[PDB]
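Shown below, as structure tokens, is a lone chain in the form deposited without phosphocholine (PC); questions about how it binds or moves come after it.
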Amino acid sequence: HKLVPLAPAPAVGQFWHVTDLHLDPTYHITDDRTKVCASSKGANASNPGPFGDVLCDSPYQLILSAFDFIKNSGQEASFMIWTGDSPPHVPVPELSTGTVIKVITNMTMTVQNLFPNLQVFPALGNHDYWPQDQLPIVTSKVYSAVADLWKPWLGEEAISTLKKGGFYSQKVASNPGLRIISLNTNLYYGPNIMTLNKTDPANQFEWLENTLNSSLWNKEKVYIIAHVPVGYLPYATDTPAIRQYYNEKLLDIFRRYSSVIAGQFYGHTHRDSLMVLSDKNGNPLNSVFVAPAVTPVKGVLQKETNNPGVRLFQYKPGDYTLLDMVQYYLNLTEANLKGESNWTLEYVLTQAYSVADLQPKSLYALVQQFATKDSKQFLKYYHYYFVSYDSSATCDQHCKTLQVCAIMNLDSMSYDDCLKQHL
């Protein structure tokens, strides 16, 4: 037979996920530690170095080290997802629309300059707007500016919806049959006073339903990406990450389409968390991966924070089932002491937890293990939750119940049931 595609001589696809870069262009080592970074809001940086400080957002040197690590890692990857939050945590009057656009431009061009051939799928974060959190339900300067910045990666239809509402879907050029849906979940975030009481802000739910329907009929698989996740904040009691009304509506769509959705990937929490979306009777439907931040920032009172992280997913080519996740990190104290970075493997999920893959069943069974008393699996998970920032951090019985309940129960009814039974 002539002119047949050439067969291979077990291939695995891979993609990167980076999030919550939070560049602080003010960062510099100075004798007066209240002047190291505007993101410390006048507190003395604790022990600052070239790669940052726990009381500061990311120096450019830290962000560049993360992307240089990716570039030089020897990992092949066919795309990258980037789930938002580029400007630093400074007060509203210290920023502006133009300043926000300048920072997002810097990060976008850093990526485009270092990875000219790599398609990247961004999502907007709640800090990717001026004033922060107030992302609107109609077009805006920011939405237009990111549409221009991200045009190398996005087709006409995606640019159109991004300009209008901050969301889009896009085919993955290197992966026929895979579509990325990039939601603007900041429309559902509590502090957003521009969307209070709207049943379908920016018509994103209607759009999402229609997009998933078309993916079904076009035999596509979907990865969902967004900044703010669904479900419950695992360190708090009964505090959904987005407003309850919206969390419930979004989860209803995700459950119904859970056979088309092969992955969900979020940021915002600056922590390494898992969730398993199940139906009301506890049949696992969809795996959810919240990635930790590059920035190590924390407030003055907060007891723990994260080390900087970036992560890589492995998936089945042409099928898009998730096979593994490799979490990398920077030991910030180690890097700052010597002045050179050593981005390094934190863990491989299948090896760390002795699971076969990232399918909902495999993670659902793992979390049953977490729940057993003195589970070594949960102890490891809690260490990884802060990206190995503090091995002596402990999670008492109340803390663990809040964590496990949030991992397994993404809707209000299931979550409440879990707390009533175990708290």
Given for the second form:
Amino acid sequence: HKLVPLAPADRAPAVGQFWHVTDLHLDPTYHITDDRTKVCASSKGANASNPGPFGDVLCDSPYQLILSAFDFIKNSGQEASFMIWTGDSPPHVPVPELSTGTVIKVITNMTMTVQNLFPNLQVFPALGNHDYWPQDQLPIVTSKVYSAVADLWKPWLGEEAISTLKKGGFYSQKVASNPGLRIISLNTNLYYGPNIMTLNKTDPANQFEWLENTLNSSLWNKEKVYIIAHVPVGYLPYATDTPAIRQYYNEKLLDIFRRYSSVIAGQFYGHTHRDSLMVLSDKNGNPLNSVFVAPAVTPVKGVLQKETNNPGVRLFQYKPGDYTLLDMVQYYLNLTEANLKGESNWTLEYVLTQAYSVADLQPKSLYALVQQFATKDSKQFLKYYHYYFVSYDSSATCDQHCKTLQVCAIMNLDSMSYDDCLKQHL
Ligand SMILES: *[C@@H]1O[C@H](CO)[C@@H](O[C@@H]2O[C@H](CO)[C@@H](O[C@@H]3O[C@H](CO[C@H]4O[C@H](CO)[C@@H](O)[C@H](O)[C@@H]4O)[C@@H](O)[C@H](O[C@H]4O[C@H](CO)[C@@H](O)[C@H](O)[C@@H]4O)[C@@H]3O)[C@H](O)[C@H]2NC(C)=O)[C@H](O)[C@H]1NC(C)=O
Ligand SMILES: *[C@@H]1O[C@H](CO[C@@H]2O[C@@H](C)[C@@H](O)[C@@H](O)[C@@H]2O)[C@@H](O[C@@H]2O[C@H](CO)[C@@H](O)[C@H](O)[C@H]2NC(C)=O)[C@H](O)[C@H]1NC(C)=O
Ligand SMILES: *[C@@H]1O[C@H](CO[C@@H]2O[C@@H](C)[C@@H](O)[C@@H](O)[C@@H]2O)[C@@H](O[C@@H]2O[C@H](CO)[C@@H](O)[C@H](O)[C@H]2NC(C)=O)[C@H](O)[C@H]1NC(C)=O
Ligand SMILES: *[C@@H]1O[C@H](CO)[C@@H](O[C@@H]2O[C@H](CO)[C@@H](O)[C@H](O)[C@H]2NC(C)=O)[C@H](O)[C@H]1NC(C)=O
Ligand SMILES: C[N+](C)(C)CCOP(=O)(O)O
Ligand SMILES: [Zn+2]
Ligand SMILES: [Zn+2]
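Beyond the form deposited without phosphocholine (PC), can we have the form deposited with phosphocholine (PC) bound?
Next comes the full complex, and the chain you just saw is listed first.
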């Protein structure tokens, strides 16, 4: 007779879950035709290799492929309280074949697709470098694209997020279904090498100042933060000594993340179209923060490349009310199989804790895994290299130089530690 909240039965609180999808790269031109140089504009005159209804390795995504990915999510039976979506919706075609209006039209199509299929799901998007015309030229002041995506994403974001999105293409947002969790969606395309608009700027769009203030507020308000962005921090795992964003920005952003590692419970990136891990550590090798690079839905590659990825989407599990990451489930589409029979079978690729026999996704757990990778002929690393391409090629091999680059980039996000790793292991 005193209106006290009803106590839940002391069962185990189910884990929380969220989806991460990235790099959809819709090619609206995709159509099967006898002249394989006309299957898709994204192959740029090359012959599609073996095209089917769900795509080709030399093409960006048919609409049917993207629809199959989101249909899989919708029908998966997995509960999820939100989704993160880290950008890159238009296809890889020459600048004159696009325009601002065409870019906005593709992002609108992808946004409405998600909203139609998932009417009750809060989605946290970030912009990719292709989400602007010309590609990679994302500005440091408001623009038509920023204003358009701010309008498109209003169903998911509050007024303050909309206002920063419109001005600079970034925002933070409290997660409605998850009190105490805030998403910080950065515009790391401001730091991407090809961006002429940010050359020699110390703090383009004031994003560093805003990020520091946001994290400081989260720290004092006892929030936890998930960082999402398109281009990741750290070093390319397939090239030597090449930061993914300009070195000046990589060093500055990493220093902010080290300072606020106690608040940041996850970092989630796209852009590479590969499945990669990184572990941010301090200068002495003590692990601080776990980083998860998710592979793309598009399978596209250039003619020059030997390997590509199968389409992928992924699910994270986390501790409710606490937001510590517990697991990651990677799903994929075997594109060759799907095209041969004409029917998609999105399926489990792996569960991280089971694949690698780790307890959870905390920095110390993953740091110990990466130390295993470093051992000669590590079977853990062989598995990881297979998953890097989302199981595209079980016979792909990683020679000594290849592996040094991979492991050094997983373990060492800043220039000093990365170069020291090269010194010791080249
Ligand atoms: C996604 O789905 C695709 C399609 O089903 C799978 O790809 C097929 O995988 C099978 C088995 O792994 C392949 O069949 C095997 O091919 C081997 C030779 O492979 C090389 O040469 C072929 C030549 O056509 C290339 O296509 C290929 O890329 C390789 O470079 C053979 O050695 C195998 O023969 C053995 O099989 C049995 C017993 O093992 C016996 O009958 C044989 O005598 C011999 O012992 C076998 O034929 C098949 O070629 C692949 N198809 C395609 C189109 O690539 C992927 O595995 C799947 N992905 C995942 C992650 O599961
Ligand atoms: C794109 O492919 C066409 C077709 O190539 C043929 O078809 C494939 C299935 C494979 O069997 C190839 O070895 C074949 O040659 C290419 O056009 C052909 O190229 C040569 C040189 O001109 C000639 O023998 C054919 O007559 C050409 N045309 C046709 C209709 O066969 C074309 O060169 C390829 N384009 C690119 C950019 O690679
Ligand atoms: C980081 O934040 C602290 C705390 O600021 C407060 O945080 C919230 C309660 C919010 O209500 C803000 O308005 C508050 O100001 C900053 O330290 C405070 O501000 C100055 C620091 O020189 C000092 O006079 C206050 O006493 C500090 N308050 C407390 C509780 O310690 C700190 O400076 C911020 N850092 C940056 C870089 O912004
Ligand atoms: C997103 O774009 C796709 C096509 O790129 C749309 O799907 C097609 O829509 C037109 C009809 O208007 C036709 O080509 C087909 O009927 C549809 N399917 C395919 C595979 O092309 C889709 O409707 C768009 N969605 C939104 C929300 O704009
Ligand atoms: C640049 N890349 C080809 C290595 C990765 C893909 O990047 P993006 O062109 O989709 O932005
Ligand atoms: Zn991309
Ligand atoms: Zn990109």
